[PDB]
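K.L.:
Now for the letters of each chain:
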Amino acid sequence: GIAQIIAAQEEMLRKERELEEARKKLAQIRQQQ
Amino acid sequence: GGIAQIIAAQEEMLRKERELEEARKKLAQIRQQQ
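Note that the protein sequences, when read in sequence, are chains A and B.
The working numbering applies: residue 1 is where the first sequence begins, and numbers increase by one.
The working numbering applies: residue 101 is where the second sequence begins, and numbers increase by one.
It is possible that part of the hints are untrue.
Derived DSS-like pairs: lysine-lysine, alpha-carbon spacing no greater than 27 Å straight-line [said to hold, decoys possible]:
no. : chain 1 : residue 1 : chain 2 : residue 2
1   : B       : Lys126    : A       : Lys24
2   : A       : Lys15     : B       : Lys125
3   : A       : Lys15     : B       : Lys116
4   : A       : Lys24     : B       : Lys116
Note that these hints are calculated values from the structure, not bench results.
Please work from the sequences and hints to get the whole structure.
P.N.:
Below you can see the structure in the form of structure tokens.
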């Protein structure tokens, strides 16, 4: 039920943060040159 | 060399976009079960 939704939401949040870190790393490299 | 760092970083970002879309799909899927 809700606990499955919560865990799914938690995974999405984790992926959003990982994507944002990936996005920042690419921006840094594009600035380092 | 410089292009390679860019490409590698771009590939990681693509992977993370795909993983996020798959997380987004799983959420919707459970919400569709209810």
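K.L.:
Under the criterion that the straight-line Cα-Cα distance not exceed 27 Å, is the pair A/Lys15, B/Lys116 satisfied?
P.N.:
Cα-Cα ~7 Å, so holds.
K.L.:
Quickly compare the C-alpha distance for A/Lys15 and B/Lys125 to 27 Å and report which way the hint goes.
P.N.:
12 Å, holds
K.L.:
Below or equal to 27 Å on CA atoms is what counts here, so check A/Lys24 against B/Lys116.
P.N.:
12 Å, holds
K.L.:
Is the hinted pair B/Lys126 and A/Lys24 satisfied, with a Cα-Cα distance of at most 27 Å?
P.N.:
26 Å, holds
Checked against the numbered hints above, the structure violates none of them.
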